[PDB]
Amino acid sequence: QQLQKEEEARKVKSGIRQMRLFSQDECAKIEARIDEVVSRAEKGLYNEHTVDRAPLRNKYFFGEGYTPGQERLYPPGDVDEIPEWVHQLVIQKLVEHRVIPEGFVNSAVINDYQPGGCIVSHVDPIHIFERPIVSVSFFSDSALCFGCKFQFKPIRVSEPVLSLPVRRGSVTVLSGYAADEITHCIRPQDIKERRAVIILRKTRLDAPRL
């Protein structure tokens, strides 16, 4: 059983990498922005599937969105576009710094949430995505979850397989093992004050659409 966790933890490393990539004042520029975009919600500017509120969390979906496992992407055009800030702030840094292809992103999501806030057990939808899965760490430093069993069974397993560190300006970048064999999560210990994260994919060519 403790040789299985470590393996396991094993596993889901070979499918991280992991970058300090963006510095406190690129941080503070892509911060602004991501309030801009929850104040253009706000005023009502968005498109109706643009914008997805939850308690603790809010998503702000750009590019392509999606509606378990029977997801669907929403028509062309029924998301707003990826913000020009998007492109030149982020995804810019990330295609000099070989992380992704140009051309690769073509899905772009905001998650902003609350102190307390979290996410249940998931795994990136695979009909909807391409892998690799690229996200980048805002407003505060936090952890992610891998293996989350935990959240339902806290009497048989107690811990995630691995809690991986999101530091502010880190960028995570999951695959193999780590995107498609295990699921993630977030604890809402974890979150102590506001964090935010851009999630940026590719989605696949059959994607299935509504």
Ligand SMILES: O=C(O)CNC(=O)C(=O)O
Second form
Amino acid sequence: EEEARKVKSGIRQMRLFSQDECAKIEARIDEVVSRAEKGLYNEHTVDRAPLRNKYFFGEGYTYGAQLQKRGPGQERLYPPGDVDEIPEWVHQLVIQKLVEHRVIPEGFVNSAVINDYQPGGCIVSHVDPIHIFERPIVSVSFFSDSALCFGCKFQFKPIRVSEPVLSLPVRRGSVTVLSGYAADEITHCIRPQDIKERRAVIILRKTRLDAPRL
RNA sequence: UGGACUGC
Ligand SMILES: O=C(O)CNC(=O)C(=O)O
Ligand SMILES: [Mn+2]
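Okay, that is the form solved without this ligand; can I get the form deposited with this ligand bound now?
So here's everything in the complex, that chain up top.
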């Protein structure tokens, strides 16, 4: 109710990438999945889950079960130079478009993470670690349409999700920017019922200078 | 039937 308007103030969203531009980027995402299957990336570049894969370029992070002590501020960057560099196509096809459209300043993005969701995949509600990433947070969706939900309570065995404070549809080719309240004081997630087809999203962030590393 | 928030 009153919190939903607080979330809306920190959301920017627009259809930035055309259908032709999405197809070219989605072919590059298929190249990343192929190299990961062939084991051509560094070990910490690929993070696999039952219905979701994360591909860390520039800077990666540990999360969830990878944390020995589960708590705020426990996420860590990987050692310097551990994960693979940002691919050239990410700079030219995605980051350059965002910089030229003034979504984020030039030289802001130093971390590009690709999330590849199989049908029915999800990601549990979370705040992007405040001790790791600066604000704002940019994400570009591909392959299919879906939604981003805020303030959801996850329960498991089996996975049940509560009603979101706000549901934001993320259409294919759209850019989502999170700032202020929507990025710091409320979690965001993806519910399994929002992934009907394969969906990939490229999240582009800047890590803090004092971000702790492994 | 696929798990970042108990930051309750
Ligand atoms: O698909 C999305 O936008 C959700 N992804 C995240 O919140 C994340 O990887 O940190
Ligand atoms: Mn996130």
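Positions refer to the first chain, counted from 1. Under this definition, the rigid core comprises the largest set of C-alpha atoms superposing within 1.5 Å between the forms.
- For the set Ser163, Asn47, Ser175, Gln151, a Cα shift of at least 2 angstroms between the two forms, after rigid core superposition, holds for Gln151 and for no other residue.
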